[PDB]
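Chemist: Spelled out, the chains give:
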Amino acid sequence: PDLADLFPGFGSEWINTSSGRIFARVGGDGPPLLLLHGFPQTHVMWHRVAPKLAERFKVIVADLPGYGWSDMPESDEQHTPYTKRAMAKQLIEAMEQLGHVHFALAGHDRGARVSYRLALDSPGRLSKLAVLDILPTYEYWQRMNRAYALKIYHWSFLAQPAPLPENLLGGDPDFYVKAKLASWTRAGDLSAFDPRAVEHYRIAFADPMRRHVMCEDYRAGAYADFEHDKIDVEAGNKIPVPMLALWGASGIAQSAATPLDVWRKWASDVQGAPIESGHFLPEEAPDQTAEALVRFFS
Amino acid sequence: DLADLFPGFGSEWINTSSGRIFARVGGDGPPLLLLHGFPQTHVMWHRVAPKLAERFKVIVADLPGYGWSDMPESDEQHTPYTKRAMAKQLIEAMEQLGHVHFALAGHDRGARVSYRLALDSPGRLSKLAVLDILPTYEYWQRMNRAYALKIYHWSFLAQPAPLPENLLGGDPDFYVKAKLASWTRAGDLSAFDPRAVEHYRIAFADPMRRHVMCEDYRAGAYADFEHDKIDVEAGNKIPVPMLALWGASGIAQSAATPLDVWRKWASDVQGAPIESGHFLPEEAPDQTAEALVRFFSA
Ligand SMILES: [Cl-]
Ligand SMILES: [Cl-]
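Residue numbers (PDB author numbering), protein chains in the order written: chain B, 2 to 299; chain A, 3 to 300.
Check the hints yourself; a few may be wrong.
[To be verified] Here are some, though not all, of the chain B residues that point toward chain A, as calculated from beta-carbon distances under 7 Å:
1. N146
2. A148
3. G172
[What the hints assert, rightly or not] A partial selection of chain B residues facing chain A, derived with a Cβ cut-off under 8 Å:
4. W70
5. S128
6. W142
7. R147
8. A150
9. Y154
10. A160
11. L165
12. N168
13. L170
14. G171
15. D173
16. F176
17. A180
18. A223
19. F227
[To be verified] In the DSS-like style, the derived pairs of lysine-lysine whose C-alpha atoms are separated by at most 25 Å in a straight line are:
20. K266(A) - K152(B)
21. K231(B) - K152(A)
22. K129(B) - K239(B)
23. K266(B) - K239(B)
24. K266(A) - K152(A)
25. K152(B) - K231(A)
26. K152(B) - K181(A)
Don't read these hints as lab results, they were simulated from the structure.
The beta carbon of each residue, even a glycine, is placed where N, CA and C say it ideally should be.
Input sequences plus hints: build the corresponding full structure.
Modeler: Below you can see the structure in the form of structure tokens.
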């Protein structure tokens, strides 16, 4: 339907991979910088920061596998294509299609999970890594308590076996996506968002298959993603890529643990700063987020 | 067209300051109050209550807000659906019947009212039996990844209104049937009398009733937990002789060894597992009934 182009001047690319197409907006010139969104959003969440990044970088703003307009690989009982390991492999393959075998990467939310998993699996692929408002999946599950269970209830809700979350999400999908967007902002409403961006999120979320993928992602988040992280924790594997951890002063990551302290256990070279924002750093605090990312990546 | 599942039981609408309590009443002898839980109504006792009625005056009540009991208006603290409030309301209901001292068996939410009744008002109870629960405090305190996945609904249903209400309203039937099925040993509805399922489904079909259940769960995440916390940290133990029954495949045994937990909460607790999922009186009626009769009797 009525979907605004929020990346004027960016091209739109369908990048083929062995697991399906990745949709991306591509703008800018210079070193490649891949931007990955998370839930329940699409690549358009970068629309306020991408132009500023594209002043200095070839900015590739990709829909995650299964999200947005990217193809949805068929899942399996292990949710394999929606594990962050598989998504990272698919995005690596997509970047290779562009000739980008060494790139900068900033991820937000699920996209940040892809990113740090990418950085653990294939750190050679990354010059620099920024993660916005997450802790590693293992840390969320390790710190799981009453308070976090309530706060990130959707981690266990969306990970319920199908079709339970699918059916429930189906009961009022517009409400649910708006409810997630609003409830994780500082304002608590949709006012931080561009209505046209919210329109993108609403439409993607209106598709049952897209919602199923999101549950697949969360199922992976509860199962294989956790196991993969656990392996790294237990082997002492650290991200060797210089990395920036940004978190909302009232985002999700500061609810579980002090994020820079946490990320320092996961990464050898991490800097970090809070942004006066809820979860949606690039939309609630675009100038601050864009500034931090530009300074770090450039 | 809801079946009478208690042939020969009377029906009582018991006035309390907080609304009427519906109950079926049958039998003669010492009063025994049976309290159901979620997402059920008093009819879950229909297989065991006749055996109990051979020896006790059996009062099979709908919890405040459940079944045909009135639905006191909730508030921001979910007060009427805290187990403390529900217990005080059922104390008043029993008082209306002249029962100021009575035996009590509860299942699920009803078990939570029960042990809270026993902590708050121990002198009202001759004996207490709780079925397939641990204290609310213990469930939250043990809320790790595994358990957050198992009883995700503890955090989902406790989300602020109207999020769960809105999701549940799209297809209520699905969710009540899913919960009944998922917590049984068999993982389907075969343990239930279909006429009982229809009671549960009809209750669940009312949005107000569904809201009450969420209010119960909200109370469960907040006030109920706080009240329990006070008691645990104060070393307040239930003094009333108590039977803890749980399903070998039920929920309680997922968190911890139930008897060891209950021994922390109760000075005089005996416990037996029953080969059953969560729905002991329906999955394992003869065994449950025998356990209760034995325990409550001389
Ligand atoms: Cl790993
Ligand atoms: Cl039944």
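Chemist: Now tell me, hint by hint, if it's right for this structure.
Modeler: Consistency of the hints with the structure:
1. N146: holds, 6 Å
2. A148: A148(B) check fails; min Cβ-Cβ to chain A is 9 Å, beyond 7 Å.
3. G172: At 2 Å from the nearest chain A Cβ, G172(B) passes the 7 Å test, so the hint holds.
4. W70: It is violated, given that the least Cβ distance between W70(B) and chain A is near 26 Å, above 8 Å.
5. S128: Status violated, d = 33 Å.
6. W142: Holds, about 4 Å.
7. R147: Status holds, d = 4 Å.
8. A150: holds, 4 Å
9. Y154: holds, 4 Å
10. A160: holds, 6 Å
11. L165: Hint holds; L165(B) Cβ to chain A Cβ min 6 Å, cut 8 Å.
12. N168: holds, 5 Å
13. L170: Status holds, d = 7 Å.
14. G171: holds, 6 Å
15. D173: Because about 4 Å separates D173(B) from the closest Cβ in chain A, which is inside the 8 Å limit, the hint holds.
16. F176: holds, 5 Å
17. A180: holds, 6 Å
18. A223: Hint on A223(B): holds, closest Cβ of chain A at ~6 Å, below 8 Å.
19. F227: holds, 7 Å
20. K266(A) - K152(B): This hinted pair is violated, its Cα atoms lying about 29 Å apart.
21. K231(B) - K152(A): Status holds; Cα separation ~20 Å.
22. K129(B) - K239(B): The given pair, whose Cα atoms are some 14 Å apart, holds under the 25 Å limit.
23. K266(B) - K239(B): The hint holds at about 7 Å.
24. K266(A) - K152(A): holds, 23 Å
25. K152(B) - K231(A): Holds. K152(B) to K231(A) sits at ~20 Å (cutoff 25 Å).
26. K152(B) - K181(A): Answer holds: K152(B) to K181(A) is near 22 Å, not above 25 Å.
Of the numbered hints given earlier, the model fails hints 2, 4, 5 and 20; all others are met.
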